[PDB]
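The chain that follows stands alone, in the form deposited without the named molecule, written as structure tokens.
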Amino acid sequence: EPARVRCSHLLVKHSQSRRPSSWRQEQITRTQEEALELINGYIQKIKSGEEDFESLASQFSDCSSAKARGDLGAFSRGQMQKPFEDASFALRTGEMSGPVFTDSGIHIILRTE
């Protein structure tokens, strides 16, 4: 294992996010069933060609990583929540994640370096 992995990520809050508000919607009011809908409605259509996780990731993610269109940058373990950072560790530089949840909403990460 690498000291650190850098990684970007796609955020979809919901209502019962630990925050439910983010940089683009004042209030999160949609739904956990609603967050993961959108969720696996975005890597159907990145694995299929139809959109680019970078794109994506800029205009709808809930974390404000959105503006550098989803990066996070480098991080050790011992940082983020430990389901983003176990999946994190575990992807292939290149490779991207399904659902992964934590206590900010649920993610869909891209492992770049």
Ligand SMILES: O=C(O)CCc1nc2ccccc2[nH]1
The other form holds:
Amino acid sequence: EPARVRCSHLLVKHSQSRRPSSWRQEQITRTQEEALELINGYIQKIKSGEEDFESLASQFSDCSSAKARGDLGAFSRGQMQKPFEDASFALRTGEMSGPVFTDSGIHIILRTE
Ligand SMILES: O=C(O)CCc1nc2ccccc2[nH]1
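Could you switch over to the form solved in complex with the named molecule, since the one displayed so far is the form deposited without the named molecule?
Following is the full complex, with the preceding chain placed first.
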């Protein structure tokens, strides 16, 4: 295990998220069900090739790392919420997670380093 991984991510928030607003929407109104549908819709478009992970994240991620095309930079263990940390460290570089759940909402993660 490396000390640190670098990942990008795409966050979809929902109305029950820890903090239900984002840079792109003043109040998050979508239900958790709609959030997971969006996430799965993204996974299937990135898989077929119709959409690009980092373009989607710059447009639609509810995390302000959208401005950096999803890039969170490098992080060690003990910094990120545990489910996000665990999914990140289990990816190979270039590999994308399935849906990942944290208090902030639902994520997909791309390990870059
Ligand atoms: O806008 C916020 O409240 C923070 C968004 C957020 N929450 C995260 C949790 C884990 C990793 C990245 C994350 N980005």
